Structures are given as C-alpha cells and as structure tokens.
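**Student:** Here are the chains, one letter per residue:
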Amino acid sequence: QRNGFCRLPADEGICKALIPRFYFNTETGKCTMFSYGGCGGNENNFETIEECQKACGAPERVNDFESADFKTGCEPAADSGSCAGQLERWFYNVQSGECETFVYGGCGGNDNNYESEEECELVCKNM
Amino acid sequence: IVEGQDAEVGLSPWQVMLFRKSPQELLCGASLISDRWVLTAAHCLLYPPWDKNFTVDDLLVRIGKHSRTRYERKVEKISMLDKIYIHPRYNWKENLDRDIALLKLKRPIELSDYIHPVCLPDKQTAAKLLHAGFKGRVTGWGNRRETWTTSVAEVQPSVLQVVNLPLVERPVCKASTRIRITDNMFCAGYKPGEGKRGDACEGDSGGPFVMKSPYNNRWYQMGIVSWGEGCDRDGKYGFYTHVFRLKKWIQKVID
Amino acid sequence: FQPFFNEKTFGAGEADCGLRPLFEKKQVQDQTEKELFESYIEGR
Ligand code: NA
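Chains as they are written, first to last, in the working numbering: chain R, 1 to 127; chain S, 128 to 382; chain W, 383 to 426.
Just so you know, not all the hints are guaranteed correct.
Unchecked claim - Straight-line alpha carbon distances no greater than 27 Å define the calculated DSS-like cross-link-like pairs of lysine-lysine that follow: (1) W:408 - S:375; (2) S:375 - S:255; (3) S:201 - W:416; (4) W:416 - S:318; (5) W:390 - S:210; (6) S:201 - S:233; (7) R:30 - S:363; (8) W:408 - S:301; (9) W:407 - S:201; (10) S:231 - W:390.
To be verified - Here are some of the chain W residues that sit facing chain S, going by a computed Cβ distance under 7 Å: (11) 383; (12) 387; (13) 400; (14) 402; (15) 403; (16) 415.
Claimed, not checked - Label-pair restraints from in silico Cβ distances: (17) W:423 - S:194: 30 to 38 Å; (18) W:426 - S:218: 28 to 36 Å; (19) S:376 - R:127: 39 to 47 Å; (20) R:33 - S:278: 22 to 30 Å; (21) S:175 - W:410: 41 to 49 Å; (22) S:234 - R:125: 18 to 26 Å.
In short, the hints are calculated from the structure, not lab data. Using N, Cα and C, we set each Cβ at its ideal position, and we do this for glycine too.
One chain only, chain R, in its complex shape:
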C-alpha cells in the first residue's frame, strides 16, 4: 500500500560483501532474501523477515468497531408505529438470525429499524 520503497527492486549495490537481507518481492508478494553488498542500494532492504513484513506486507489492523446495543437495537420485534406511512425498513429477527423487511409508519417504534439490509446486518449481526 502506502510504502513506496516496497515496490523498489532488490538492489545488492556495488560492494562485495554477502550480507543476507530481505526485500519485498511484488511479483510473489513475499518478503524474499537476497545478498546485500554492504553499501548503497535502496530502502527495500531489511535485516529480518519480520521487519520486511511489518513495512511491506498486509498490515495488522484493529477490529474494535462497535455494533448496535443488542437489547434495544436488535432484539425487539418489528414495530410499525402509529403513523400511516409505507416506509420499507429492516429489523434484525432474533429467531431467524436474519435482517428482514417490515413496513414502518414513520413515527414511533423501536431502535430495531434500519434503512437498508446492510446497515442492519452490520450493526446487528456482529458482537
């Protein structure tokens, strides 16, 4: 992704040492060992495979995203309210485990009332 040096070719340089290093190979997508001569080259050059993976592999990312409050937002049965509108809404059905459509009046009801299937599934079909 962001790190541009990951797309640079392995560069041994012109010096004559045989130092084991790691570089990100874009054809394979793998951190790959090469011999580094000890001077020059580029930033696609890591002492350990771990350092390479951290800089150039797919990153470690958090999954700490909050869902709806299950009790108030996902558990209650569908409620149309008092108004006489015909709005298609979605609710999580505890029995079936699915987000399903119901007809909503426009006023009242509960929090288990979403504008799309995918919003409902996001916030109700997760912990």
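Mind docking chains S and W with the ligand on chain R? Use the hints.
**Tutor:** For chains S and W with the ligand alone, coordinates are given in the frame of chain R:
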C-alpha cells in the same frame, strides 16, 4: 494522520470510510463528490502483491462519521456499492501512478449537517490553488504514528483526524524519493527546519486532500492520499493523486 | 461557481458542493482554516 488533531463535528462532511464487512476493518478513506459517487485510491481496491481485489460484495461505505468505532446512529449513513471503477492505466507495480477509483453508491444518499459533497477543481481553480507553500487539508482514521513497540492499538485515533500541509515544489518532491514521480502526483508536507510536522499514514489512503478557495469560499478536492515513505519522516513527503490531471477520466466514467 | 458534471448521471449535489452546513453555511470558521488562508500570503 500523524501530528494532527481531532476534527470538529462536520469539519469534513464529504469524508468517507471504506469499510470491509467480513473481518470488520477500516480499509481506506474516501470522499463524497455527489449524492451518488465516491472518490478513492485505486490501491485501496486493487493490489495484487497483497492478493487484493475487492468486489462490491466485500465492502461498505460509511459516510457522516466522526468516531472511528462508534455506531453513530441517525448521523452516519451505511451503504453498499453499485459499481467499482479503477483507472485502466493504474500502475500498481511501479509507483501507483493514476491511483484513482470511482465508487457508485447503490442508492443516492440524503445530505445533512454531516454529509455533504466536496467540489472537484476546474482548470482555473487548479492553476490558482496549486502553488508551492499553499496549504491543503488531509483527514482520516489511519494510524497516528508509523511504528509501535507493542501493538497497533497504541496508534489508533478515537475520532477523525485533521492536518494541514503545504504543497511542495517538484524538485523537492523528486529528491526525497528513489521512486519515479509523474504529473499524476504532487507531494505535500513540511521541510526539515520549518519547525512543523504532519503526514498521512497507513489507513488514510484514498482520503481527500482539500483546499478552500479564496475566490468562492468552496472546498475543492485537489488530491487523494496515495503513497509515501513511512509516515512523518524528516526529509520525506506524502504523495497525492493529482485529481485535476485525472478529471478527464472521472468525467468519462460518470458520463 | 458553476457545476461541471451532468446531473442525470452525476446525481445531485454539485451546485452546492464544498459549502459545509456547520461552517460556511452559517458563517462560522473552523479551528484551522485561517492557517490555510495565511498560507496564500506566504506561498508562491
Ligand atoms: Na515529513
């Protein structure tokens, strides 16, 4: 965003979170350009070295967000995509040249205090605004520092982050990197000794680089967070997809 | 300002683009936009 601050509520109402629905994660930033179209980086969607080729079934966009993690009921809008369009000349192998993608929403969304599209530059706006030293604004939910010692957890923002960064002249951008730069890119950030810091980081990619026009008071998206060399390193700068240079492609896809 | 794209395929929103409901629309400036305008004096 490194060396930024918490954004005010509604500071950036065009800000879009590109969101993976399977392992729930922030993939990337993006921007709302109409009630129907979202602009992002191609590499957010397609990157073969990481076996990455996201379909409309893999993704959601979350618009109107402030908190990175809270479900902002009745303020944020969560929606699926209809279509994905990646630039056909996107150079993933070399330098991420033409790092641009268009995302068509499945349904048009309603605008609010928190949801509102950014302007795209015309020729005169790009000429007047793209001057070295002029500052633009970058926003995102990405990492707050490039590296951590124990966990990626210690570098997460709780809310949207903002940083203002000066545009940098071509010669300075060129000398900062071994990577080949094109006219589809510009770079931004402070120089060593300017006494100020700030950069985009991992997770901010696809996000907007915007400038407020002194001519008509409107915000224009001049760039897309594309690539860099680490985050906020001395002597290094962030690179951004030059939106006006790729405007012909945007119009072709939308028309 | 005048819109660039065709609304039939672009959708709505271009005419009012870049004007924030909570800032420009109510003549409230944000915390750091002054810094941006100051850069216009300083820059090329
Ligand atoms: Na820097």
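**Student:** Are the hints correct? Go through all of them and say.
**Tutor:** These are the hints, each one checked on the structure:
no. : hint                      : in the structure
1   : W:408 - S:375             : violated, 34 Å
2   : S:375 - S:255             : holds, 19 Å
3   : S:201 - W:416             : violated, 31 Å
4   : W:416 - S:318             : holds, 21 Å
5   : W:390 - S:210             : holds, 17 Å
6   : S:201 - S:233             : holds, 19 Å
7   : R:30 - S:363              : holds, 26 Å
8   : W:408 - S:301             : violated, 42 Å
9   : W:407 - S:201             : holds, 21 Å
10  : S:231 - W:390             : holds, 14 Å
11  : 383                       : holds, 5 Å
12  : 387                       : holds, 6 Å
13  : 400                       : holds, 3 Å
14  : 402                       : holds, 6 Å
15  : 403                       : holds, 4 Å
16  : 415                       : holds, 6 Å
17  : W:423 - S:194: 30 to 38 Å : holds, 36 Å
18  : W:426 - S:218: 28 to 36 Å : holds, 29 Å
19  : S:376 - R:127: 39 to 47 Å : holds, 41 Å
20  : R:33 - S:278: 22 to 30 Å  : holds, 28 Å
21  : S:175 - W:410: 41 to 49 Å : holds, 46 Å
22  : S:234 - R:125: 18 to 26 Å : holds, 20 Å
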